[PDB]
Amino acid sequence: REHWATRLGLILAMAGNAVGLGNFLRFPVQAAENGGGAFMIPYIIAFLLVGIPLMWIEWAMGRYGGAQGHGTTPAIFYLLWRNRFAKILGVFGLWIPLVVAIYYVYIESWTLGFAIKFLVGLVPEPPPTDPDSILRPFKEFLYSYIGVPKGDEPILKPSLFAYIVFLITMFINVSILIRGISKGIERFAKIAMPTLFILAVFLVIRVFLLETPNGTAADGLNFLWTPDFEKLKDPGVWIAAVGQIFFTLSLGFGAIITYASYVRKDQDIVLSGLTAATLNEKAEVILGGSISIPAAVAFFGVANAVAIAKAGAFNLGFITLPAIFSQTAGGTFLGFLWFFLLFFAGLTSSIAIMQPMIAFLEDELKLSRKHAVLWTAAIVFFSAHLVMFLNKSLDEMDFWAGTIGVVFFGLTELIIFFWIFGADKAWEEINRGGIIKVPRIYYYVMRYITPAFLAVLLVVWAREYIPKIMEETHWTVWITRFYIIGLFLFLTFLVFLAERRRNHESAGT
């Protein structure tokens, strides 16, 4: 089995798995929509009670499976719980990353497309004070790129450039993945992470120089880091905080598990896992939190900045920030740097969510890496046409797989590993080979707190939120639901074929 060549490579690859669009695009919007500082308390608590414990559990499960030649959940869940139902639940460890990859790679392609256009100066020319006269050109720019509907039909009409850039983006992802773990993902992470860090720091510095009649970047930081204990009783903020923690740490996506399956059986995962998690958090709250929000607040003030964040998931990062940058000397190049940063952040994460399907095809169906990577790319490329042409399909996939799915899967992996497999066996497995040991208190957090926490969260979700999503949405959501349910059935069929191949292989041995 392939293995990470170096310790630093492993850490940076895992850090790249985590540090992505979630840190720079998702976090700012989530924090802004939820009262900034009022979001941070639940966020920090979720990191301590859910993020950290699940990260260790996923690293442990992956390393455990890898030692037996398995890097994906259909097989790993079965190793932990010898029940056919384990294999089926395990399918989510292939389905979630595949579905998320389908829309995540497309959004990643937008950052490459924007980076290219901003680099070459093919950007809107706002009329040099009306806030709408400046923002409108950038909104039109994004809308023409992805092809937002101008009428009643829920159809998107992406520009030819956007389509070609998606092709290029898939090719770049393939070029890295086809080289494998050590020579592909690891080697790239050693280049991309330092680059991402430098670009992010530079952008934070430039943003911190922003001062307008409406405010300064400092006003943005105060908004984000000022506690608001009167929201701690709001379920919505907690659901948002936990959701962000899962997304940003790549938890419940089967991605951490697969990457960990390449860690040598004897190698530490306690310190390594904690480090990857900490690096992500610093990149999220310190870097991601200090770019978009402070810039928006400095130029528009808090009230307007919050309204912008609530506008959409892409308004702040693809419209507002470049519009703000356009009002400064060298602003177009600053926009280029921002989108280049987003592209590298996305790329290091997209290769991580495609690797689970690749590992499954290699490990269970015995395909060569070349064939596994190409077929995985083919499925993602084909499937992405749904997200590129059907309005709000992206939103539907992000909901079932990237929001509900990951929390459900996180709870599932915890129950299977810490309850069914055995709390003490699990604890032993996590700490084996550790450079440091997991604090004793976390044994109780993992066994009792985390699952209870997630269970309650899921119940409240299915009661006070999803019913509106099942009855208050446009009929076209069923097109996406139908397709992704089909993807689940397809993956289940592949797991079925994998078990049949194993049976025939065992009979011949």
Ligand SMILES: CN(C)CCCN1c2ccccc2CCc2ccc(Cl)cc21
Contents of the next structure:
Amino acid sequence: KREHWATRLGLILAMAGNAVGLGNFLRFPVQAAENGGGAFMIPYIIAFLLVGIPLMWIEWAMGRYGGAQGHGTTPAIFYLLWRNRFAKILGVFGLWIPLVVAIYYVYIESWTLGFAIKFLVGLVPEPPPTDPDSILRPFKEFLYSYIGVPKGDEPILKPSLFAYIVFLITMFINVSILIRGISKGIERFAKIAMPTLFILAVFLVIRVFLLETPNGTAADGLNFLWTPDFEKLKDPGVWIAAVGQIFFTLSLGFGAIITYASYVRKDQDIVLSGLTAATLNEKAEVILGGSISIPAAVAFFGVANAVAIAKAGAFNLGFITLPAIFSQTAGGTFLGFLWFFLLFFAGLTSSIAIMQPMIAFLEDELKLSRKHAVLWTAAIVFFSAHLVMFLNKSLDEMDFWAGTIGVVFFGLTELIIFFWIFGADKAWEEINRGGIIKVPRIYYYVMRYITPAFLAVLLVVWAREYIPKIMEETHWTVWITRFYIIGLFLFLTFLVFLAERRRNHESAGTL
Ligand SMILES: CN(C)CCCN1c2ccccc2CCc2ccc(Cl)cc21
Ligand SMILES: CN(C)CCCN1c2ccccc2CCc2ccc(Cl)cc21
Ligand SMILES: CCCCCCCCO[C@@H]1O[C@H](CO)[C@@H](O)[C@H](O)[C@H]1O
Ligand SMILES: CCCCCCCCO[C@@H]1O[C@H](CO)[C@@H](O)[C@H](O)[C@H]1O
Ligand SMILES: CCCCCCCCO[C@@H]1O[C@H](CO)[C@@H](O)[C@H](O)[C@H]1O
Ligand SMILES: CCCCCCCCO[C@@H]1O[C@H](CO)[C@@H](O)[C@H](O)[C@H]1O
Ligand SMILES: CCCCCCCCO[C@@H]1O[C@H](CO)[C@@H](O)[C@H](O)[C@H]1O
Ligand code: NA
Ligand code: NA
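Write the structure block of the form deposited with the ligand bound for the protein whose form deposited without the ligand appears above.
Let's see the whole complex now, leading with the same chain.
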């Protein structure tokens, strides 16, 4: 009774949409810009080869394996691979991480829809005729008024009425797709969204490549991004940034690739399919995402200033700088619309992917109907999102624990359980089974020894030289978000406990 992807194309575009999202167009540019541009790319490429690709196959394999037995989420799948109560508990992260990411990701996605709407109808700011700030300030105030940045000392946000309603609409749109299921919902939408997304992105790159000012050209932006710095490879922070981006952009460690793969027929290839999805994401990221905002910013403000803007972070580059720059060109407001529409489709195809794990768990383990599973999941995300919408820095806290530390920790966890506990040879066999192509021989040793060792070191260095400076150097309000998401973990563990009991009570009625 489990759904399955209808076509190979659909599967590939759905998986591609899972990966290609806000991380490609917003996160990548910031990470690369603040880490030296080209100096970021070497570790990034290496991370993609030693972590991205191998974990992608591992997650597809685990998902297809679990699906064959009617399970699409990690609490059950981890137990199938390691029959130990602790496997179910660690598996909870496969529901918690995607749920927590969704709680702030859908909200950011809603901003892009709201901006798309306002830019389409021309309800945007109008700067004067060369001073930077005189042009950027109006756009900064525009964003600040939208999300309600604090004007006082209280760490409280005051979202505009329009932003709140657009978030509601955004949740509604995510639900309209998810409620139709895998083949008729997610797959059908991906076939529409991905082509649209690709065309919009190419057009924007072309337009940005035409940008030129007394300060530079788009070419200067590209040179900054693709010019190596072999003297930065010794910087740990750059590696942590690169690996973190690889996980986020490929949706690895979210339990999302696994859940999507659980709808792939038991015999269907995952080697070539997985590699293709990963390659598509990388193209969209380094070629499309990398060629839009960085080159535009560099062309208008020069490299030094572009970098400063990125380090200023706070969504400056994508929500303030790029539109401000576009406003200086004929048809620039429409150009802004295209940008935000692109971001919206990129985010939407990814948010449905990160919400599906909770949906699958409720359907697979608690036996809820798809309708009910989708509605309760949306309700939980909608409610919880109020924390991100009203408490300044809550978004940052969730993105750190789930979207940064969480995904890397879970990636290592799933690899250990699948390639070490379940059995390296059994895992290798499982990955290659039905493959249109075989995984290169060398990757067996990468998956069994290199990847885990690489991640283990990363995490160690991370928790010893970086985390401490946060667990003690933040406003007391970070504890509100920490308290809440720990509660979410507790609640999800309770649900796994209930699924466990329903299972036994149902098994007893069978014997
Ligand atoms: C209401 N639907 C009959 C219209 C079909 C188009 N559609 C779509 C396409 C594939 C799968 C699900 C959905 C339903 C919701 C939705 C939302 C936004 C857009 Cl941009 C298209 C879109
Ligand atoms: C610093 N914070 C204000 C933002 C944190 C979240 N964020 C994020 C999260 C989900 C989707 C898009 C983006 C875009 C901006 C960005 C840039 C770098 C990092 Cl590492 C995180 C990051
Ligand atoms: C069911 C959970 C309810 C949580 C309380 C939500 C209160 C939202 O309240 C609304 O917030 C909007 C954005 O700031 C404002 O524009 C509206 O005027 C305000 O009524
Ligand atoms: C896509 C549909 C969006 C509907 C929300 C529009 C929010 C526009 O703006 C709102 O308009 C209201 C009057 O209609 C005013 O009372 C509010 O003060 C104003 O912020
Ligand atoms: C942890 C998340 C808590 C969300 C509770 C939000 C309660 C909303 O509170 C309301 O917000 C409006 C707009 O900001 C204000 O105009 C109202 O005076 C205020 O009561
Ligand atoms: C983390 C929780 C954030 C909640 C945001 C609440 C925003 C509501 O706004 C607050 O309402 C209070 C009345 O109760 C007033 O005394 C405050 O001055 C006002 O800023
Ligand atoms: C560190 C990860 C490197 C990945 C690059 C793999 C390139 C594939 O390498 C090729 O694999 C084939 C099948 O195993 C072999 O028959 C070829 O001799 C070998 O060159
Ligand atoms: Na991505
Ligand atoms: Na996406």
